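Participant: So you can see what is in the structure, the chains are spelled out below.
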Amino acid sequence: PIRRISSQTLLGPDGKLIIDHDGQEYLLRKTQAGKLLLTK
Amino acid sequence: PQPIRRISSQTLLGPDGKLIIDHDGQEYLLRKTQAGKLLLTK
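First to last, the sequence lines map onto chains A and B. If you're matching positions, the first sequence starts at 24 in the entry's author numbering and goes up one per residue. If you're matching positions, the second sequence starts at 22 in the entry's author numbering and goes up one per residue.
Possibly wrong hints are sitting among the right ones.
Stated by the list, open to error - What follows is a set of in silico ranges between Cβ atoms, one per label pair, in the way DEER data are often shown:
#1 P36/A x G57/B: 25 to 35 Å
#2 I25/B x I25/A: 33 to 43 Å
#3 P36/B x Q55/A: 17 to 27 Å
#4 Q55/B x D37/A: 11 to 21 Å
To be verified - Chain A regions said to be covered by chain B (calculated; three or more residues, Cβ under 8 Å):
#5 26-38
#6 41-55
Keep in mind the hints are simulated off the structure, nothing from the lab. Ideal Cβ placement from N, Cα and C applies to all residues, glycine included.
Work out the full structure: start from the sequences and follow the hints.
Facilitator: Listed below in C-alpha cells is the structure:
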C-alpha cells in the first residue's frame with residue numbers, strides 16, 4: 024500500500040511545509056479550522 | 022534534527038507519486054496526477 028506519514032512529521036511547530044514541484048513552490052499547511060490545505 | 026521546512030515533491034512522494042498524510046487520524050492523499058500536477062485530497 025501507499026506509505027503513511029503523520030502531518031506532525033511534515034509540518035513541525037510552524038504548521039507549514041514548502042514543497043518544490045516542477046519549478047514552483049506549493050505550500051502545505053494546517054489551518055486554524057484543523058484542516059490540511061495545499062495552495063499554489 | 023530540525024523540522025523538514027522545505028522538500029522536493031520527488032523526495033516527498035517517491036517514484037509512485039503518492040503519500041498518505043495522517044492528520045489527527047484523518048487520512049489525506051498527496052499525489053502527482055498522471056498529468057504531473059500536485060494535488061491534496063481527502
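Participant: Evaluate each hint against the coordinates.
Facilitator: Hint by hint, here is what the structure shows:
1. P36/A x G57/B: 25 to 35 Å: holds, 32 Å
2. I25/B x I25/A: 33 to 43 Å: violated, 19 Å
3. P36/B x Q55/A: 17 to 27 Å: violated, 35 Å
4. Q55/B x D37/A: 11 to 21 Å: The hinted range 11 to 21 Å is violated for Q55/B and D37/A, with Cβ atoms some 32 Å apart.
5. 26-38: holds (count 11)
6. 41-55: Three-residue rule met by the stretch 41-55 of chain A, so holds; n is 8.
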